[PDB]
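Below you will find one chain, with nothing else, as structure tokens; this is the form deposited without its partner chain, and questions on how it binds or moves follow later.
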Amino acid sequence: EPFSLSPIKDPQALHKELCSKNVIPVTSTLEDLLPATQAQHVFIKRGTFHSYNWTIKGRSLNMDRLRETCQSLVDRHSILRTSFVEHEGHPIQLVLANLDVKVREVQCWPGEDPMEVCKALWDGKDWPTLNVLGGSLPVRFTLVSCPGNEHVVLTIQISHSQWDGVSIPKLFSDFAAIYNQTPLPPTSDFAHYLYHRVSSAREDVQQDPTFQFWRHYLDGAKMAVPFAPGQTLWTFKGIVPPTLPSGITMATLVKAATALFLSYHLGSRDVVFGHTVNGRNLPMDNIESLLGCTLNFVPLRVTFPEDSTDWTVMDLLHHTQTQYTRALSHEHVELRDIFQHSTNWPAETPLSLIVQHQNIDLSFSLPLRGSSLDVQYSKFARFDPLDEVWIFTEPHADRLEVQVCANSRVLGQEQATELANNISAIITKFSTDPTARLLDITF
């Protein structure tokens, strides 16, 4: 039932207020109002904002159909017609309906490159004036054309509060299908994910198997805390794609390497750090395909035995993997709720290190139908960490790329290079000799 999770006594008054301030269209209606998730808020606070860019070349392009497909795409997915604002200091999402999609359109001078126009608008105003919590719809479309309309760039702007690695290819395949006039099966939206989470929660938190699980999982844990800490720095290190032992995933290999790294530097046999889970293990219709950000950042605990047990790399890999798989049915709840209900830690305790293995599409396509129609993908992206360090790993065909992303005040360039180097060295060492004794590992 709509508005059943609204923290606002009167949602319609808020919508009317936004319309009268010319923030959202006056003819829109308010379909729902829900809290934004902690993960959505993570991305918003970090200015996480993308332009997904499609360069379309050929004589077959139908500009009117392209335009109407933008409208139909937004009709289909309510997350794309969502507006975000803050109240009582914490973020809510307003799902709009009766929303007219208006495309920003540019007809270029002869010889003027459409992508260069897109880049100028991006750098000159689109991301520098971004203010997602002001309520302006983050999802909006731009169409930049050369005089013959046979060289065109279509862009889709979007906040990472509105997509994730699993579902962004569905945005593109739905777009193509709508343009190609292929019917699509009905789908659920992000609001329905949120309602389903609440329906599976027990009213008495003490009786909730998920918070019982996290209390048990984290029992006796102490999470290390960085000492007090510029610009966003990305640092990359590529290695030969690791050979996986049977039954062990690439994500496990990366997270086990990170755990060993931390055990050494912290002088600890019991480490807790953050990692990204996809949040799509909830039993609900269309969980695999609904569009939105169901990502979660949750604690991963790795506990090493005493030296006498003489663990091998394989023992660590198996343990690390089950320390993830144990939590699958419980991984969808708010981090601050895990900390409030299942630990003695302050609810607003942040994760200071987050490991995210990208076991998602690394390449994208928009298969628009036409005799002569070439479509090429590219993107612009903003992302600015706060006090945390991110480690992303991308499993390409010719390399596993270890990426470190952190503010230079938190992790200086020489330090980030060393982190990426050490983590990648451990991954390769684990891969090269999975039967090695942990006590014998150096890096």
Second form
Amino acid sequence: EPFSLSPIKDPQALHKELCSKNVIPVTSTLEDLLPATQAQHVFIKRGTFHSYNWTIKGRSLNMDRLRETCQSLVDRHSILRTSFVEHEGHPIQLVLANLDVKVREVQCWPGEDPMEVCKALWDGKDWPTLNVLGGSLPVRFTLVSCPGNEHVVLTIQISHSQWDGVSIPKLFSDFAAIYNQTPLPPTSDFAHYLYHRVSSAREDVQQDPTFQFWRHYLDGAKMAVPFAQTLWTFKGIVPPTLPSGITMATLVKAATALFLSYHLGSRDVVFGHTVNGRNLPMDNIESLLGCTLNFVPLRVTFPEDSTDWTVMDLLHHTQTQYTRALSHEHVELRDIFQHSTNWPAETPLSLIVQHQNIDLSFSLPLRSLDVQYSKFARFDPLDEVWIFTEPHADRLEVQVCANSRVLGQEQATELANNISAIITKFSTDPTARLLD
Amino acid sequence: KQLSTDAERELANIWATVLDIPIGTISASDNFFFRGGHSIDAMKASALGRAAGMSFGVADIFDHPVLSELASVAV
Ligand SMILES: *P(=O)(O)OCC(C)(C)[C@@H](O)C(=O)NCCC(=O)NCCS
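Okay, that's the form deposited without its partner chain, but what's the structure of the form solved in complex with its partner chain?
The complete assembly is shown below, putting the previous chain first.
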């Protein structure tokens, strides 16, 4: 039932206004209009914007078919033809149809490296002039070719409000299938995910099991702020061995909790963590393209007398504190805080842990063509600190990302070291008691 | 240990696709996490469950990690 969640009375008038200011194409139509999620907004406010770059080499490359593939990819996934705008201070998404995709094309000079041209456009104008909330479509394609068309760089630019780690590989595998003329199953779009969430909510909010769950879960809890240019700090360790029945994510979150326990002077800690948002009974929820991520509270409570708690006890507790929330992790954070706590609704999370148990390497198997992946990325946190953990084959990488005014280099380095050290200690001796 | 119910069979096929392991190697006593699954695999398994007419969520896979036990609680 399109437009049924629109917060605006004449959605078609908004579209017409945007067309007349040449922000979106005049021959497009408005297929739907919905609120943007809080998570989409988190990314938009932090300028989160990517260029996924595919260097393609070989004599059989077909430029027309690349162009048409871009068009077909956008026809298939409606998030890719979504525009974002503010109304009464709140972000909405306009889903366009009849959208003609125009590829930006560069024919280089002989000897000019196509990738250096992409980099120059990226740093010179593409991200510095980015204004997603002005309503111009964030998803755009660029094709940069050497003379001969045997060395080409294809670029997809995109806002993080339009993808997540589970679904981005599907964008690349769909692109390849369409280029190759391989068949594709039907899919849903991000709008269908938003309609599904709303249909599962109860009209009386005090009778919603989800807000009842969060109320109990957070009862008596306090959310402390562990910390007051954007910096990235990295630290690798040997991949931890997992105690029986414990996931890597649990290990990382327990380590973080132990650290915070000490850093604050608290036995009861609450911090944020990233969940995938796809544990819902809806068709194609595993494959639909969009940003279903959510950042929600995780609470870890050490006993008042922890003398006997082992590392295992902490791991099982931490893991249960995640699994208890699985059926309820999909709701807006400001709704959790408004309906299930005394806390102000716009209370921000100040620490967020993301474990990256998703694809870390990507492919675009176009049919003989050599195809390499690389990317450009912007991401600028506000007052929060992010801890990312990447599980590679040879190492577990701990990454801290925060503004330098919140966490200076030496402080960030020490944070990465401590979390790493604790993870390793937990791994090498899970039967140990927390008095290490 | 042999697959005995229809639910066990359908579930094994799901694990095979999600974990990219061959169907012949899956026994009813197999543990999802010991065969290499994590939370995201569990999410995909749950979704494929629904498309096959079974009904379980990710939490069910953490509570009942063994195939035969998970096949009982699916509806
Ligand atoms: P599990 O115990 O193996 O995993 C828990 C998780 C909560 C870490 C995992 O279920 C998940 O939701 N998300 C990680 C993937 C993710 O969203 N990455 C960033 C997207 S760009």
